[PDB]
Amino acid sequence: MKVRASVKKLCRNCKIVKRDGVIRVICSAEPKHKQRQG
Amino acid sequence: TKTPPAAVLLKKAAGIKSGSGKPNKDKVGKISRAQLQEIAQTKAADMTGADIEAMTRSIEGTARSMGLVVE
Amino acid sequence: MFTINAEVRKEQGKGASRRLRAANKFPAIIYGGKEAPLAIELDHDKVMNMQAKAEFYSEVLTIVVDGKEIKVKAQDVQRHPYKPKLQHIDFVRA
Amino acid sequence: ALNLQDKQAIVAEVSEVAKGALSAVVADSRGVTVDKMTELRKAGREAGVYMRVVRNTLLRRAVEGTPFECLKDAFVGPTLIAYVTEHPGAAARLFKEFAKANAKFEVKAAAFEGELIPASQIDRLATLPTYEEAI
Amino acid sequence: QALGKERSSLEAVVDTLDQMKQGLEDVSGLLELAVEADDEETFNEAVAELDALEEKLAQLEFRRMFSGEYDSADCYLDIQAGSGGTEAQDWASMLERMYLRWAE
Amino acid sequence: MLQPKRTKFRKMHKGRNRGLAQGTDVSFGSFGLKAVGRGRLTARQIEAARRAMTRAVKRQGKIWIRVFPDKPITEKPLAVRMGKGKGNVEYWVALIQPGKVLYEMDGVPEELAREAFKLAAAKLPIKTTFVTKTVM
RNA sequence: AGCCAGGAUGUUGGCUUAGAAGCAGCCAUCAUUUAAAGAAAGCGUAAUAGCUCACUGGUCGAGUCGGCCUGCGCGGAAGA
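Chains as they are written, first to last, in the authors' numbering: chain f, 1 to 38; chain J, 71 to 141; chain W, 1 to 94; chain I, 2 to 136; chain 4, 54 to 157; chain N, 1 to 136.
Hints are computed from structural coordinates only; laboratory data are not their basis. A hint or two may mislead.
The list that follows gives simulated cross-link-like pairs (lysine-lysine, DSS-like), each with its CA atoms no further than 30 angstroms apart [to be verified]: (1) 97 (chain J) / 109 (chain 4); (2) 73 (chain I) / 105 (chain I); (3) 15 (chain f) / 127 (chain N).
Derived, one-sided and incomplete: chain W residues facing chain N with beta-carbon distance under 10 angstroms [unchecked claim]: (4) 37; (5) 39; (6) 43.
Cβ coordinates follow ideal geometry from the N, Cα and C atoms, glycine included.
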């Protein structure tokens with residue numbers, strides 16, 4: 001999990017979701033691309 | 071077996087051993103359209119164009135890529 | 001053909017003309033040829049979309065001003081100096 | 002993808018080819034790789050077959066131009082059309098060796114004499130000879 | 054990786070040396086094949102074969118001759134006299150005026 | 001690092017920075033980076049941003065720099081019980097008003113130039129926009 | 001938007017490279033097949049292959065794609 005104030009879609013597979021107040025980036029195809037906004 | 075590549079049969083036709091380092095600016099040979107049709111008709115086993123002019127423009131594509139003008 | 005409607009202005013000056021850009025209009029002027037100069041006001045969005053096209057500045061335009069058509073060229077244009085807007089257009093009569 | 006004006010070019014172009022066309026064959030597109038699809042269209046332009054695929058709501062406008070309004074039931078599902086200008090029959094043999102060699106897909110109809118002919122009765126159009134039988 | 058690299062070295066020597074046996078048999082042939090028909094213009098135009106083959110062989114030598122990273126560079130030379138008084142110091146000069154007169 | 005060759009005076013007043021900019025139009029090129037806020041570009045900033053956009057076009061193109069750092073700026077060294085004169089000139093700045101065009105490009109397309117001026121914008125302290133040329 | 005099928009041929013485009021076959025780097029702008037496909041969008045091989053998007057027909061049946069201007073909000077946000 002990468003935690004950082006600028007979250008961004010890296011691949012084409014990455015998808016931005018808002019869960020419980022918080023922007024995440026779920027990627028299927030790459031576990032590295034998992035991000036959260038703090 | 072197949073007929074040999076279009077890059078090898080253009081190198082004999084121009085009279086060189088390897089092509090151009092920076093193509094289309096730099097030019098390293100020449101071919102007239104009698105030799106373009108002989109290279110087209112020797113490859114006429116492999117090529118998927120039905121006519122000749124159709125086969126010849128495919129060979130012109132490899133000639134542009136390696137520096138050879140069509141004199 | 002680029003058609004514009006207008007209105008003659010009652011007011012003018014700093015206070016008046018800043019109230020226009022609050023109300024999504026803006027002021028312009030028609031001068032040139034013979035007559036008295038005329039003070040007019042224009043919907044901002046209409047004339048923003050028109051002046052996108054570069055034929056605005058070549059062509060002759062057609063300002064309706066209480067019925068009377070006038071045929072005019074876009075002589076000069078002040079832009080607001082960072083946001084994409086307009087603060088004023090001079091229209092010479094052709 | 003396209004304008005309303007670009008689809009008006011296709012209604013004029015495919016209606017005009019239907020006048021020159023004696024026979025015509027509806028077929029299927031899917032299943033087949035481009036190596037084996039292009040084998041249909043090489044031997045197509047030997048026997049003289051102008052192969053097309055056109056959109057299937059669009060072809061009701063393009064094939065109003067007569068007498069091939071027979072083939073309006075077929076445009077539900079996939080449709081590789083053909084329009085054979087010179088040489089009658091021709092395509093109807095080649096669409097059955099296209100069907101057998103891959104061994105997939107439908108092959109629906111084939112319009113000759115201005116009439117719809119269903120799938121099992123194409124044997125007549127398939128076992129026509131060359132034009133050019135009497136010599 | 055290392056075996057294909059070592060083949061790439063040993064191709065560059067064995068290809069270039071065998072085609073200079075056959076290439077100087079070609080030139081000693083085709084200069085002398087211009088003398089058989091005996092035209093003095095074909096005698097001089099077949100010399101264009103040799104001066105192509107000269108700077109393949111002269112650039113194979115240059116690949117051995119120089120080799121390490123510094124062999125392009127400018128150099129210093131420090132001649133030093135040994136240990137025998139004057140006779141040694143004369144020998145040192147004798148050199149200096151040798152390496153100067155061959156760097157000329 | 002930009003810096004006048006010689007001046008009259010070594011040191012300058014602080015001044016203020018009110019009002020809007022002259023140099024609003026994109027004259028020299030096709031595209032440009034207009035400022036929207038209000039501050040000082042140092043000379044190191046102006047350079048860092050040129051090296052971004054220069055890198056990013058692969059040297060196609062031409063780039064013009066429209067602003068020049070010609071105000072000097074002093075600092076006192078650390079521990080200086082105030083007074084005892086004005087400090088030394090550490091570094092140079094341009095002052096920027098809302099509406100000044102800073103960079104201009106042409107000889108690239110609007111795909112690439114948007115990306116070049118995005119990469120510059122991250123080095124500058126002031127909020128910026130992309131502008132194309134207007135015909136009048 | 002989803003769903004099924006096709007994404008080829010000269011050709012590993014050329015040049016570099018132990019290798020460079022669309023996909024280390026550098027130079028670049030073809031026709032052919034026609035439903036259409038980059039002389040290549042991302043994974044990946046020592047390299048091919050492998051997967052897959054642009055592109056395109058099928059299916060399905062009403063609004064939809066994404067910039068500009070403006071209001072109020074979210075994260076960014078740790079101390080005795």
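In ascending order, which of the hints set out earlier in this document are inconsistent with the structure? Hints 4, 5, 6 are the ones this structure does not satisfy, whereas the remaining hints hold.
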